[PDB]
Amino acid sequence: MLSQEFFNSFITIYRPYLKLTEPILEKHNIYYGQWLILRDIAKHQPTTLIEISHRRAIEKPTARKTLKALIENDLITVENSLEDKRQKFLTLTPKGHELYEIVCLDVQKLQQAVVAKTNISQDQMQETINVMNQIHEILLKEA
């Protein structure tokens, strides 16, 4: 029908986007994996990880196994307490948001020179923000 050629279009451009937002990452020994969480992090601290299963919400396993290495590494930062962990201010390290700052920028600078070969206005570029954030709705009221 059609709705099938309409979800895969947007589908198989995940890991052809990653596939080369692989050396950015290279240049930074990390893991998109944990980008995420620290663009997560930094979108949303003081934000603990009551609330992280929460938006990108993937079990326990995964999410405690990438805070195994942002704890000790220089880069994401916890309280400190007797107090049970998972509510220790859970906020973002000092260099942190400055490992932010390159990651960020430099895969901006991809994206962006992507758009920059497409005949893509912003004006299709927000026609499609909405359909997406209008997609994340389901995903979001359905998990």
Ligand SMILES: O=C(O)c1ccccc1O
The other form holds:
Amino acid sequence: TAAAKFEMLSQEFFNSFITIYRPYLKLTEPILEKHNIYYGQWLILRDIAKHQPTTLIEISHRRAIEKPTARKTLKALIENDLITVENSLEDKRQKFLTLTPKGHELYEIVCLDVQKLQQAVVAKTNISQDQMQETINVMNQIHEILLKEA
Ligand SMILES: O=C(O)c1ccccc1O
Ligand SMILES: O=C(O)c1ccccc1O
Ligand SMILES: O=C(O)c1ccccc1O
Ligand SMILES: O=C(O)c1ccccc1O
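Since we've got the form solved without the named molecule here, give me the form deposited with the named molecule bound too.
Now the full complex is given, and it begins with the chain already shown.
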């Protein structure tokens, strides 16, 4: 439900990494479900974890989602006691956001499970550390272009 909720050489090349996304999320889905959190929620949670104290404004910008989407997901994170909002009289979109203790516990647990699952996947392949850094090198080049464009 989580993965479901979330929804030429150059051609074979792009296909090789774009088609891995969905299978990847299906496999990591249970990690989030076990913590009663959905993928959209996890991404914003993680984002806050790494940038807190942060704001709906900054979040929307780094995540590249629309305010309505970010507002709705944050609202669920708050309602679930995973993040706390600075109490202020300013606009909600300007208020500082940080993880609650429950939020941190959930975060550390998901993060470690994901890390171990990734290690496992790799361990079943013939991929070398070198092959991994070379891939990283190529992907970041692609990523630079897609972002500078936007
Ligand atoms: O950046 C993503 O789109 C993403 C999606 C699901 C899980 C981890 C991720 O980084
Ligand atoms: O970083 C990921 O690839 C990831 C995947 C599934 C759930 C949480 C995550 O951070
Ligand atoms: O990637 C995100 O930060 C995200 C968050 C909520 C809903 C959809 C999304 O892609
Ligand atoms: O509902 C809130 O308290 C809230 C707080 C910060 C950002 C968006 C929000 O909906």
